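2 protein chains.
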Amino acid sequence: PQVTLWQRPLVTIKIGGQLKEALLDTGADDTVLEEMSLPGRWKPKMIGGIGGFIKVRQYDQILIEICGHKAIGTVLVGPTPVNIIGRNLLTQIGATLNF
Amino acid sequence: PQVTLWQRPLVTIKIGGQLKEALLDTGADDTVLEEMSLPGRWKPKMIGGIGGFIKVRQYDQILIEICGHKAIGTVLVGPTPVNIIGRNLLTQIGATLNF
Ligand SMILES: N#CN=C1N(Cc2ccc(CO)cc2)[C@H](Cc2ccccc2)[C@H](O)[C@@H](O)[C@@H](Cc2ccccc2)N1Cc1ccc(CO)cc1
Numbered sequence: 001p002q003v004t005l006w007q008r009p010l011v012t013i014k015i016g017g018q019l020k021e022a023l024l025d026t027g028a029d030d031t032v033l034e035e036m037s038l039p040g041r042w043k044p045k046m047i048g049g050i051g052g053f054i055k056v057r058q059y060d061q062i063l064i065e066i067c068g069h070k071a072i073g074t075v076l077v078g079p080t081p082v083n084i085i086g087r088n089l090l091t092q093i094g095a096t097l098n099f
Numbered sequence: 001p002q003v004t005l006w007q008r009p010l011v012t013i014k015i016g017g018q019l020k021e022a023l024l025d026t027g028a029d030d031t032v033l034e035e036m037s038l039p040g041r042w043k044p045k046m047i048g049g050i051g052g053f054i055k056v057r058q059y060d061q062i063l064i065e066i067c068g069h070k071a072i073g074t075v076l077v078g079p080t081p082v083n084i085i086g087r088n089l090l091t092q093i094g095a096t097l098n099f
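Chain order of the listed sequences is A and B. As numbered in our numbering, residues 1 to 99 make up the first sequence, in order. As numbered in our numbering, residues 1 to 99 make up the second sequence, in order.
Mixed in with the good hints there might be a few duds.
Stated by the list, open to error - For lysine-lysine, the following DSBU-like pairs were computed, each having C-alpha atoms within a straight-line distance of at most 30 Å: (1) A:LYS43 - A:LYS55; (2) A:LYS55 - B:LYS55; (3) B:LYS55 - B:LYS70; (4) A:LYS20 - A:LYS55; (5) B:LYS20 - B:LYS70; (6) A:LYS55 - A:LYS70; (7) A:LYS55 - A:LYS45; (8) B:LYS14 - A:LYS45; (9) A:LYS55 - B:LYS70.
What the hints assert, rightly or not - Going by beta-carbon spacing under 7 Å, a handful of chain B positions derived as facing chain A: (10) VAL3; (11) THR26; (12) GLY52; (13) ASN88.
What the hints contain is simulated information worked out from the structure, not anything from laboratory work. For every residue, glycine included, the Cβ atom is placed at its ideal position computed from N, Cα and C.
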């Protein structure tokens, strides 16, 4: 799907048996999800934001289905106001920016 | 051009007779630049974020040259660890996300 940017690019994702809506964010290095329940297995970390620093938990090897595609990797889970799919997963989904 | 996402989608921008580098960011509604010498007047504003809040100066009808493309719009100036090109401009240079 070619996604024009007049509207926020939102996609449906499935994680840990749950359905969410997430943002395709080319500016994000990692993926960060709003507080959710996960089986695991997790490490802490604080990240960079605008503005401020947020402590997040690091879950690696998480299966994510994004718009239909299966992808595995590390997702941070923190106090985000929105679900963000950063480059770590975008690359697996074979996503691209065109202009 | 076509950009893959293995690395940060950084582009060269000319703004106010100054050359900078910015991050194409599909997840940013607006464009937010680090602090710089911008002529003209601006209105105060506050953008939301992750674990914080940055008060920025809103400037409008500002000429921005992204890659070779020229665009005019609202640019937010403020304290950001990165220069971000948001959808308000992305839309103007015709960028599409594809996956
Ligand atoms: N804040 C923040 N946080 C943000 N912003 C700014 C941002 C936010 C909002 C606007 C306009 O309202 C403009 C810019 C938006 C996130 C977002 C989007 C909408 C609403 C809330 C949060 C962007 O979509 C998102 O790509 C980045 C932008 C950014 C990148 C690098 C350094 C600093 C910032 N980010 C922090 C971030 C970094 C790293 C990871 C993973 O490694 C996830 C998230």
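Tested hints:
1. A:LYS43 - A:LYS55: Holds - the C-alpha atoms of A:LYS55 and A:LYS43 are around 10 Å apart, at most 30 Å.
2. A:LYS55 - B:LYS55: Cα-Cα ~22 Å, so holds.
3. B:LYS55 - B:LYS70: holds, 27 Å
4. A:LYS20 - A:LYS55: holds, 21 Å
5. B:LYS20 - B:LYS70: holds, 15 Å
6. A:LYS55 - A:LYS70: Within the cut-off at roughly 27 Å; holds.
7. A:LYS55 - A:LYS45: Holds, because 5 Å separates the two Cα atoms, which is no more than 30 Å.
8. B:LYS14 - A:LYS45: Violated, because 35 Å separates the two Cα atoms, which is more than 30 Å.
9. A:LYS55 - B:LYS70: violated, 39 Å
10. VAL3: For B:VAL3, the interface hint holds, since the closest Cβ of chain A sits about 4 Å away, which is under 7 Å.
11. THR26: It holds, given that the least Cβ distance between B:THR26 and chain A is near 5 Å, below 7 Å.
12. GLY52: With a closest approach of 3 Å, the B:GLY52 hint holds.
13. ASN88: violated, 9 Å
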